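K.L.:
The lines below spell out each chain.
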Amino acid sequence: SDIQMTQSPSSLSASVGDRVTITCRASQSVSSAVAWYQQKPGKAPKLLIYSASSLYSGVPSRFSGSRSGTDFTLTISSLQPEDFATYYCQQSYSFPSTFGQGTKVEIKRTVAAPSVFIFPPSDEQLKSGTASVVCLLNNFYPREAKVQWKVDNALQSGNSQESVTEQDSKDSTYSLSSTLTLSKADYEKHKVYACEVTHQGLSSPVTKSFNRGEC
Amino acid sequence: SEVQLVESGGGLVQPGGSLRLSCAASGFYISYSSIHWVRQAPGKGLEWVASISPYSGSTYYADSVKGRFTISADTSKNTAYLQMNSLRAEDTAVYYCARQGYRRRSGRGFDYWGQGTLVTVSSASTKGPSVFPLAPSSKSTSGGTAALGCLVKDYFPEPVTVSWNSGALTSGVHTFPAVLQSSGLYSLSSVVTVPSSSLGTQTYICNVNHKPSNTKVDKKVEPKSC
RNA sequence: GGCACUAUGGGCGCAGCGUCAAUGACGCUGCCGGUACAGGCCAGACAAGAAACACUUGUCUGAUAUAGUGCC
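First to last, the protein sequences are chains P and F.
Taking the numbering used here, the leading residue of the first sequence gets 1, the next gets one more, and so forth.
Taking the numbering used here, the leading residue of the second sequence gets 216, the next gets one more, and so forth.
I should point out that these hints are in silico values taken from the structure, not numbers from a laboratory.
We put the beta carbon where it would ideally sit given N, CA and C, even for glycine.
Not one of these hints is a red herring.
Restricting the straight-line Cα-Cα distance to at most 20 Å, the calculated cross-link-like pairs of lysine to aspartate or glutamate (EDC-like) are:
#1 P/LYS184 - F/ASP369
#2 P/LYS40 - P/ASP83
#3 P/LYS127 - F/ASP433
#4 F/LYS354 - P/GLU214
#5 F/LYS354 - P/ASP123
Listed next, with one range per pair, are the computed distances between beta-carbon atoms:
#6 P/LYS150 - F/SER268: 55 to 63 Å
#7 F/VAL388 - P/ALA113: 17 to 25 Å
#8 F/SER381 - P/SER53: 51 to 59 Å
#9 P/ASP71 - F/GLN417: 53 to 61 Å
#10 F/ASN429 - P/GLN4: 44 to 52 Å
#11 F/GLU373 - P/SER1: 35 to 43 Å
#12 P/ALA14 - F/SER412: 33 to 41 Å
#13 F/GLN417 - P/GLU124: 15 to 23 Å
#14 P/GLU124 - F/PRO427: 17 to 25 Å
#15 P/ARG19 - F/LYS431: 45 to 53 Å
#16 P/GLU162 - F/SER340: 24 to 32 Å
Let the hints inform the model, and build the full structure from the sequences given.
P.N.:
Structure representation (structure tokens):
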């Protein structure tokens, strides 16, 4: 069987100065053949720890590796600003080699509720035979957020796609964009298109909606 | 400081097609270390693929590629290779080759990696975007500010460039990551937040540029009123 | 796997010939099976060589082993 590497947390929100520990557990004994990496968006990985506890040459000492059996935790004693990135465990105990899925470290800030906007389809797009209905949630924290589309109160599945921004450089908030796709015909069969936004900064789920053919 | 690895030769290739990545070494003799290929899907994590061993030519594969990919080295050229065959939509990624260090110095840790080459596999032809305004109005106003934007719809391949007022407008914009539609095309939107009172007083134009299809599109976004 | 019992063609008995199987097992003889020292050699383990495997070189286990059964 191939060895499994599964990481926890899958993402972690912390602030500079935090003690951060990322854990990773192999599905069989892998002795100490475990490597850690830091990867920043768009750039290639950088080795932090080898032999599961050997601090790689030139990597700052706030990084350290640690083992208990199949338990591998990479810990950073005191988070610094250039540490916000993705982290990886890897087993090189046997071929085939295996990476963990990755723990992204994001900047913790005060809860910020989304501003919700919705946009009905253009007259231009509807002329093409397609209707795309867009909901924007703007400048929120944390990332976790339910977007639920309703067409005449029917909950939608399998007809929407979401996209999220990277944490903002200046307010460390995110923006998400859910777009509902319908055929033009499917669109004119109904009246009320709605976006339901459920979030921690909101007392209760907020909804933005429109009626097909509204001024 | 002087070790460097330079992948080269990736690109678009149709499903079932073949592509040979290169991995040029410099700063060290490639023969005495183990050389890998790692891939990373768009937005996904790193996925180990392949390796070839010093002095033996022992090669290894991950299950997902076994029997299609052929890792090799050419020590006269100080270069490693990845031959890829019967490529699939799933094989779309940025590919790194990596040097596993010297045993006494870095264990089996990968101490140098290339900057990666982009391998995109699709049956999708090149196609310039449709831009459709996301018109501002009520339902897109939260007090002093309004949200407005453009939908860049049904283009291939990545990337497009989206600027506002030919670059003059930048702060408060978000251009979103492309999302791949089950049609094999990409599609994104870009939104801008502005002070609401400017809706009558400042014009706004999304500038959508998609070099692969050599199309440049300006869409004036105008409010909807009543 | 561990334990306990029991047995013990050199860790390398082959002319070997097969078979499964992709290489060790299996089977089948036939000789020889006397005894011990071997040489040599092989396999496992480990270590180092720019070194996951392979290789080279070094030690080490090869009755502390090997096997059938019983037992958790």
